[PDB]
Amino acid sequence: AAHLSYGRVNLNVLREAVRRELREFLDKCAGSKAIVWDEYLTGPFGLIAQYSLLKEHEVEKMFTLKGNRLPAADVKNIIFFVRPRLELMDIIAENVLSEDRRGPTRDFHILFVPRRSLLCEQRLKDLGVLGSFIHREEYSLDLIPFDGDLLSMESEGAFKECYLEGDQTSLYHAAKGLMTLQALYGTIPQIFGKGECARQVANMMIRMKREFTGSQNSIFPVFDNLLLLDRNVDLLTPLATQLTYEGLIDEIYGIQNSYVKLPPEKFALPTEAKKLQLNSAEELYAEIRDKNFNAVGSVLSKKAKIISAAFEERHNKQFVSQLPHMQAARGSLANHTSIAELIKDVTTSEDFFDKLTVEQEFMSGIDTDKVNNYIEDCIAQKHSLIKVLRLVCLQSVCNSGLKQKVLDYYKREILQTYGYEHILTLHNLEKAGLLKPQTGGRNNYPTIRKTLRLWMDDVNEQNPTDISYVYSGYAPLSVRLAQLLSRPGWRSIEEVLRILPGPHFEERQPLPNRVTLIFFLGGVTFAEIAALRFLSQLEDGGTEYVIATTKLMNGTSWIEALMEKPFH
């Protein structure tokens, strides 16, 4: 996939490597196979291999781990592709013991993704079934390539686990994934971090490299720097409504493993959602994904002319060959013209204007300490709980928590309107720093905002000059910190760093335009990603970013992962 290779970083090396380990493991379970999938893995895996590849290695069937009895199927092998979690082990046992004895015996194998755990195998041994697996194995799929500059773990629970449950299991896998990167792309000489989770990943990287027993890595470093950042250092950014094209698509429809599902009417029973893939392989999408949504119209018009001219030339040799490209480019323009229309419908409603006014009030310091009328109206009209929670948390973070009278008012109305089950929800938002009572000390956020210029009025959305174009005024704190690390360095902002959570550090790993790998521990938004691509294309900025994350998220999916499964 050509799009996985952007400038100096060729992420096919990683993808081709995991695609090879997969083949090799499938060959090891020789004879026909059915894979039983932990549901959560199916989507992410799609980015590594499709069914076409698995068929090549005699995978004749695929089921979802449901439990009870496995469907019959004349295969020699059954292979569980499961995450190392205990709940699932119990379900796996049901399957092994629910074996129909009125058929031929099917051999059982298990593939832990990304790797086994001690606790799990104890569950299987205690349940009896441990001894029934021929091959127990692991498939070290940690960082998944989503695009040429983008990798994700797609580990949804990671934020909740680290910040609420005292569980740093995801950080270990992150460190592991960084080792895999280093083995293919060279050791990363310089490590910088800000955050508690970032300190831990650093420590683990350094220890693991200490503990390495292979032949010597003789690869010239692709990445000059690693920057590890705790999501909880910037809790504001995900709460805000993203205003880039890709961000809006994600906010409204959601993008899952690089695909989106859209109302099908404008495109070409029941009629299934129009399913589209969204990454940089589609030229037009590369040109618009990162733009403020108000800039997209103009690119669309320009594309129309470029297409007409291509046909006008073909009207008056090489054009037989470009024609399959030309047709596809019209189709692409037609697809994104329709999406833009779907999005413009959302973004020109009165409710959207009002929400955005409030968000921008909070982000720029206005009335962050009083009960907000619009939020009250949304509650009274029983708008989506998540939208309400996003706003009350946005308020709380811009204010460093709320006074008692105001926090209590919001909790009582939320509980009364959406139900008392949401007392778990509010407890979690407080433990996570999102919606809390203030201390009655000074609110530090204004100092940070001013000093790092996080809010600016009347920003240019058509030809941006600053990272704030992605939220039409708010410069993501996270990206701003990346920017200032690169120039003029974090010593010039020591006072601000000290009033942000956890330590800031640097470490050096010894070796026999800079590229910086930036790793968001606890999630990253598409808007933040757009802003980092903006930094990478400034001629002056002297740093290009490759973005890594535990999870691609938005404020809606972020807060949902802090709610108790299942929903109402």
Second form
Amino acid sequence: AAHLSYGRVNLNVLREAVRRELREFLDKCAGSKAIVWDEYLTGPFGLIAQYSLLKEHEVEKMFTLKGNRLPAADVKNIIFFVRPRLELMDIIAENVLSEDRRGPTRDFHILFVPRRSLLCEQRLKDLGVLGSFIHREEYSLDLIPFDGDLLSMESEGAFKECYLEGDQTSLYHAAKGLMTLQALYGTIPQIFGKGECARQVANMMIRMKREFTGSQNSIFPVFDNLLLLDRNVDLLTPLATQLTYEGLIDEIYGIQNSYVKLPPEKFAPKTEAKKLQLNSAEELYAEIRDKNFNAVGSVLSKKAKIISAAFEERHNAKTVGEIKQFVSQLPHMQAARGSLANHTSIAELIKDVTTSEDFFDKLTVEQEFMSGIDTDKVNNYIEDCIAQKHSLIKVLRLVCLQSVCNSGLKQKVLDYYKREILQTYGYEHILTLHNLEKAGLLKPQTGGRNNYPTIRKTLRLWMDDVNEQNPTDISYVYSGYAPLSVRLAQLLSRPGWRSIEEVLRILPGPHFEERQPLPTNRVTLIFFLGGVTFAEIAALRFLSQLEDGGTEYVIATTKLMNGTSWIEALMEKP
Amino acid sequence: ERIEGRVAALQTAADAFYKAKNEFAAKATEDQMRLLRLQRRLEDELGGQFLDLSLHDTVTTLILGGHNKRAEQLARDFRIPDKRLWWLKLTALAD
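Shown: the form solved without the partner chain; wanted: the form deposited with the partner chain bound:
The complete assembly is shown below, putting the previous chain first.
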């Protein structure tokens, strides 16, 4: 995939290594196969290998893991692709023990993703089927490459697990992920971090490297630095409405495994949603995805004129000579026209939303809170949305933004919001409110103390009259609000974190630094532990492309999210 | 008899939130108990289903079924302020 190689690090090395592993595994299971999938794995696996690769390894059928008998299929091998979860072991056992005995048998195998578990194997032994598996292996897919500068674990539960449940499973997988990267791209010599989760990931990296005892790593380092960052250091950013093109596609329709499902009316031919892939391999998308949505219209007009003129030029090609040439250019002209028609239709969909009265009002309120205005009174627009029973998650994002900008809400205010949320949406959501409190998102203020203004003014987090068309600062992605996370990264690089000591001390967790010894523009790998938004990603691309002698960023995360999916993941199954 | 079990669980939960000094939670759990009890009367007195609806959804359903006196009374009992009730009525009745 060429686009995995457009930037600084060639992420095809990684993608191709994990593809090679899968191939080698399928080749041991000789003959025709069916794969039975733990449904949770199929989406993200899609970035590594589609059915087309599997087919060339005689995978003839693909099923979903469920109870009772397996479906009939005349194949030699059945292979379970499955997470190490206890409950799934019982289902596999039932599948295996329910095989029709008579006639040729089907050999069984199992691939645990992302790790094999002694405990799961014990369970399969007790259920009486461990000995029916010819191969039992693990496939340690941790960091999946989504684009040339972007890696995700796609672990949506990491934020909850770490900050509410004390479960750091996801931090172990992040560390393992970093070990795999270092085996391919060399040791990372400098490690910086801010946050509790970060401190643990660093500690595990260093331990895992001391306990390695294979060939010493000879690879010349591609990453100069790692920066580990806890999501809870910047709780504000994900709550705010994203204002970039890619951001708004995610806010409105949601991007899953780099695909979006759109309403089909505006698309060819026009029944089901139009499905499109969104990444840097499409020139036009590369050019507009990181822009503030108000700069996109002009870009589209320019392309329309260029494309339009190229096609208008077919009437002029009267000769045999210049018909040769026009013709040779046509495939590219057709693909550029198609790409433009799609994004032109997507921009019209986004415009229908961004010009609505409700959007204008939401944003006025968001911007009020981020610039420090009235962040302690019950807010009248929030109350209108609750009374009209708008989407619960929209309401929660807004009250959490208010809490974070005020360092909690006074008891009376918090309690007033909560009572009207429970009356309107149901008592059952008291669990959601408690979870938001434990996360630090919707909580009581303590003392009269409020630190956001010191943090905002000192890190220049809100600015008025920002340039959206030719940006000069990371605030362009939220039309005024500079994401705190990116601001911290920026200030680590220049002039350094010594200059903001007093502010770091009021943010959660320790700040720390470590070196890793080496045998005898910088590239920074920045790892968001607990999620990242596409707007933060754009802001980092913005710093990366200043040719001001700074740093270029490659982004990793536990999860690609937005405020809506972040908060859904903090709810419980109603 | 059908809601005694659900009411007992909620009681156990109120008691828990009191031991925990979580006053808001205890009271809210008390209000939900009161509302489930009312919801069962309404099934008893009018038929149809009302259990498990939110308070807002209960009022809304009552308005829609023509039981406007019961709905108003229900709103007063839980001190729903004027502005929120007005919006509720308006969204209940609109195309």
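Positions refer to the first chain, counted from 1. Note that the rigid core is defined as the largest set of C-alphas that superpose within 1.5 Å between two forms.
J.: Only one of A281, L97, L424, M208 shifts by 2 Å or more at CA between these two forms when the core is aligned; which is it?
T.: Single hit from the list, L97.
J.: Superposing on the rigid core, do we see a C-alpha displacement of 2 Å or more at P488 between these two forms?
T.: Comparing forms between these two forms, the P488 CA shifts below 2 Å.
J.: C-alpha of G128: shift of 2 angstroms or more between these two forms, rigid core aligned?
T.: Passes the 2 Å threshold, so yes.
J.: Superpose the two forms on their rigid core, then report whether the C-alpha of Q360 is displaced by 2 angstroms or more between these two forms.
T.: It does not reach a 2 Å shift.
J.: Superposing on the core, what C-alpha displacement does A309 show between these two forms, in angstrom?
T.: Looking at the C-alpha of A309 between these two forms, the offset is 4.8 Å.
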